[PDB]
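There's a structure below that I have some questions on.
All protein chains of the complex are present and in place, except for one that has been dropped.
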Amino acid sequence: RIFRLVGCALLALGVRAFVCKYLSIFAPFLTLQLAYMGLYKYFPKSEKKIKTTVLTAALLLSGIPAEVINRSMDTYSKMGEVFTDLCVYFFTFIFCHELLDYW
Amino acid sequence: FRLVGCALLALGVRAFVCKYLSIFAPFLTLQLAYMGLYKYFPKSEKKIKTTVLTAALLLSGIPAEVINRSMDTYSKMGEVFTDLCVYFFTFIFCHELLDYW
Amino acid sequence: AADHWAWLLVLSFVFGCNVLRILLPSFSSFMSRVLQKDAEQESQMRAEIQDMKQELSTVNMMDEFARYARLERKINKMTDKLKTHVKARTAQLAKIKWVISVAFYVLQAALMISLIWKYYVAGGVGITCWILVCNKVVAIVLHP
Amino acid sequence: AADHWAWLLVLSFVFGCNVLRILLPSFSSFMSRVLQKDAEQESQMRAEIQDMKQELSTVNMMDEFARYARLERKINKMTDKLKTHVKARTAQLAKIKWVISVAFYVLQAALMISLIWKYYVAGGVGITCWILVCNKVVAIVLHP
Amino acid sequence: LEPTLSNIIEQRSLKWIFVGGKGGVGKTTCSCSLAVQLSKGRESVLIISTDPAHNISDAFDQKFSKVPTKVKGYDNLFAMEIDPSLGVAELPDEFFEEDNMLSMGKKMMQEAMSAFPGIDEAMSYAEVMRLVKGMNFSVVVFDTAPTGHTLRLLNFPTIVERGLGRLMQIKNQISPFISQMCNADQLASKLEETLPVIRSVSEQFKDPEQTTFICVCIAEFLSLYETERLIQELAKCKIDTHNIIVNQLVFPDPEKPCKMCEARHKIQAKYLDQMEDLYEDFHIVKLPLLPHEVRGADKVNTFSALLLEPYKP
Partner (left out) sequence: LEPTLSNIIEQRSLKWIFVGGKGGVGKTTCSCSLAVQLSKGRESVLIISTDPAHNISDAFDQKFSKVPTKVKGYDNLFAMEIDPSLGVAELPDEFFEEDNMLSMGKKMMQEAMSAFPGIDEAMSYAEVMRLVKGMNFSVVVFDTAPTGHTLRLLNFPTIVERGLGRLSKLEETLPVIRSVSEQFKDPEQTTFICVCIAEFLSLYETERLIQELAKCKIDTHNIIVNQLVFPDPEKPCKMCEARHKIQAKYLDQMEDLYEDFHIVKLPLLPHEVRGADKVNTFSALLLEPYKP
C-alpha cells in the first residue's frame, strides 16, 4: 500500500547524493519531477479503497455531491503524503550534511 | 520500527568503520544489534501472526514450550535478516564511497 | 559538535515522545490491575452464571415451564449485570485513553515551546516537520 | 571503473526483481476482464434475489403459506448459489495470484543464474549474498 | 389478580394500545373488540393495522386505504392500515441486524451517502404519526404483523439524532468555509420537523401510563413460549405491559360425548395452568372459541362482552 510512497522516499534517499552534488540548477525541481512520476505510477494500476465516513455527514449538511466528496479526501491524502516526501527530501539533505558534519 | 532504528546506527557507523580501526570493527556493530534485541524485552505488546502449523505442532508433542521456542527461533532468524543485511547494505555504501569518492 | 548535535537532539526528543506514546499502555496496565479487581468480581458472577445455566439445563420445559422462565429471566439479569460492568471497564478505558492522549499532546506542546526557547521561523517549521512527519511515518511502518 | 559499472548494472537488474514482484496487475488484468462477465451476471442474480424478496413482502404467511415456503426455498437456493459462486471466483483469483507469484519466483532464480553466467569462486561466494541482501530487503520494504 | 381487561378501559391516560403475538391468532379480531369497547368508553379512538391480510376488513365488511376513515354502525371508531410501514421498516434492516449504540447513526449516514434513504425511512414513518397526532385521537390501537416489531424503531432515530444533534454544532464551523468557498433545505427542514415529533412519540411509548402492550396467545406450549420470548424482548425495550389474552378455550361440561373436546380442553387447561402461576402479575384473559366460523361484527360484540366481563358458560 505504501509502494509508491516508500519507493519515492528511498529514491529520494538515493538522489540525495546527486542533488547535493548539484548536477544542475534543477535541485528542488527534480523533486517535483519525482512526484510527477507519481501519476504515471497510477497509469498501470493504483486500485485501493476509501476509508470510513464520519464527517461526510457534515458534508451532506453542506451538500456538495460525490465529486468534491471524493476530491477532498484524495487531495487531503495526497497533499499530506507529498508534504511527507518533501521534508523527507529535506531529511536526506540533513544527512547529506551530516556527511559534511563528520567531514 | 527497530529495523530502520538500527539502520540509523548503521548510517552512523559508516564513517566509523571506514575510519582507521584495529583488528575487527564489525564485531562492535554486531554487538549493538543484541542491544536492539533487548528492545523486544519491553516491546512485546503485540500478538502472534496467524499460523496453520500449530495443529501439526500439537499433534507432534510438548506444545507448552516448543511453540514459543519456535517463535523466538523465527524472531532470531528475522534478526539475522535485519542486522546482517542492513549491515551489508551499509558495506555496499562505503564500497561506493571508496570507489567513486 | 554540539551545534548540530542539537539539530539531532530534536530527533532524540521526538524519539522519546513517540516511544512514550507507545508506552502509555503502562498506565493502561495500572488501569488493568483495576480491571483485574473488577474482573475478580465479574468472575464470581460468571461462576454463578454457569451454575444457574446447568440448573436450567436440568429442568423440563414442557412440564415445568415456570422455573424455566424464572431462571431465564434471572440469567439475562446477570448477563445485563456483566454487560454493565464491561461497559464501565471500556468507559474508564476511554477515560484513561483520552486523558493520556491529552498528556501526550500537551507534552508535544511542551517540547515545542522548549525547542523554541532553545533557538528563538524556517528552522522552526523544519523542526516540526522532521519530528512529526518522519517519526510518525516510521511509526506508521511499525504501527499502521 | 567498468567493474563497478557492471556490478551496478547488476544491481539495477536486482531492482528488476521487485519490478517482477510488482508486475501483479499487468497479469491480473486478464483475469479481471475475464471474471467481469460472471461478476455482472452475479450482480443480476442479486437483482433477482431482491426482486423475489420484495415479492415475498407482498404475500401472507398466515394463509398463503404454501407459496410462501416455495418462494423461500427458491430464495435460499439462489442465495447460497451466488454465495458459493463468488467464493469460487475468489478462490480462482487466489489460485492465479499464487501460481503467478511462484512463476515470478522462477523469474527471480532466472535472474540469479543470469548474473552468475554474466560474471563468469570466492567472487561468487561473496556476490551471491551481495545481491541476495538488496533483493530481499527491497522485497521487504515492499510489504511491511 | 383480575381476569378481565377493564383496567385498560379505566385508565383513560392511555393513547397507544399495541397488540401483538405471532401464530394463528385472531389478534385482529380481539383488537377490533378492544377497540369497540374503547368506543363504548366514549373517547376519540382509531385502530391501525399492519398485517397484509387486512382482517379488519372481513371483521368490518368495508374497504380502506392509507387514510383514516369512519366505520358504519359507529362514529368515534376509526380504521386505517399501512403495509407501507412494514415496507419502510425494511429500509433499516442493516441497523436491525446490529442494534448497536454508535454505529447505528454511522451506518445511517453512510447509507445516506450511498442513496439518501435515512431521511426517506424517517419521513416515511413520520407521516403516519404526523397525521395520527393531527387528527388528535384519544387512543390508538395497533395490530402488529406476525413477523417483527415496529415499536423498537423509535430507539433508532434518537441514536441517529446523536449524529444530527452533534452535527448541528459543527453547523457553526460549517458556516464560514461555504461563505468562503464561493438543496441544503431537505435535510434541515425535514429532520428538524420530524425528529421533534419522533422524540415526542418515542418518549411517549416508554411511559408506562399511556402506552400498553397486549400480547395474545393460544393455550398450547409453542405459542406460550413464543409470547414469553415476546414479554422478555418487550421488557428489554422497556415498554409497559399488564395483559395477555388467550383464545379458543371453552372447556364445557353440559354433555359427555365431546370426549375429543374433553381431552383437548384438558390439555389446554394444563397449559394455561402452567401459564397462570407464571403470570400472576398479568391480567390473564380467557377468551373462548366462538362456536361458529368467525365472521361479522356480531362476534366482535361477543368478544366485547367477553372482554368486559369474565366469561363463564
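Think of it as A, B, C, D and E in the order they're written, each chain with its own count starting at 1.
We adopt the following convention: a contact is a pair of C-beta atoms (placed from the backbone, for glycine too) under 8 Å apart; a residue touches a chain by one contact, two chains touch by 3 or more.
Participant: Among E:43, E:83, E:207 or E:226, exactly one should touch the missing chain; which is it?
Facilitator: Of these options, the touching residue for the absent chain is E:226.
Participant: Would you indicate which residue among E:102, E:267 or E:305 is in contact with the undisplayed chain?
Facilitator: Residue touching the chain left out of view: E:267.
Participant: Taking the full complex into account, find the residue in E:188, E:250 or E:308 that is in contact with the omitted chain.
Facilitator: For the chain that is not drawn, the touching residue is E:250.
Participant: When the complex is taken as a whole, what residues of chain D touch the one chain not shown?
Facilitator: Residues in contact with the chain left out: 61-63, 65-66, 69-70, 72-73, 76.
Participant: In the full complex, which bits of chain E touch the chain not displayed? Write them out.
Facilitator: Residues of chain E in touch with the missing chain: 22-24, 218, 220-223, 226, 248, 250, 252, 255, 257-264, 267, 271, 289-293.
Participant: Which chain B residues would touch the chain omitted from the figure, given the whole complex?
Facilitator: Residues 52, 54-56, 58-59, 63-64, 67 of chain B touch the chain that is not shown.
Please note the rule applied: only the chains that are shown with their structure count from here on.
Participant: Have a look at A-D versus A-E and report the one with more C-beta pairs in contact.
Facilitator: Of A-E and A-D, it is A-E that has more C-beta pairs in contact.
Participant: Roughly how far is chain C from chain E, centre to centre by C-alpha average, rounded to an integer in Å?
Facilitator: 43
Participant: Based only on mean CA positions, could you tell me how far chain C sits from chain D in angstrom?
Facilitator: 37
Participant: I'd like to verify one number: the distance from the centre of chain A to the centre of chain B, where each centre is the average of its C-alpha atoms, in whole angstrom.
Facilitator: Chain centres of chain A and chain B, defined by C-alpha means, are spaced 30 Å apart.
Participant: Touching two or more other chains, which residues of chain D qualify?
Facilitator: In chain D, residues 144 touch at least two other chains, as defined above.
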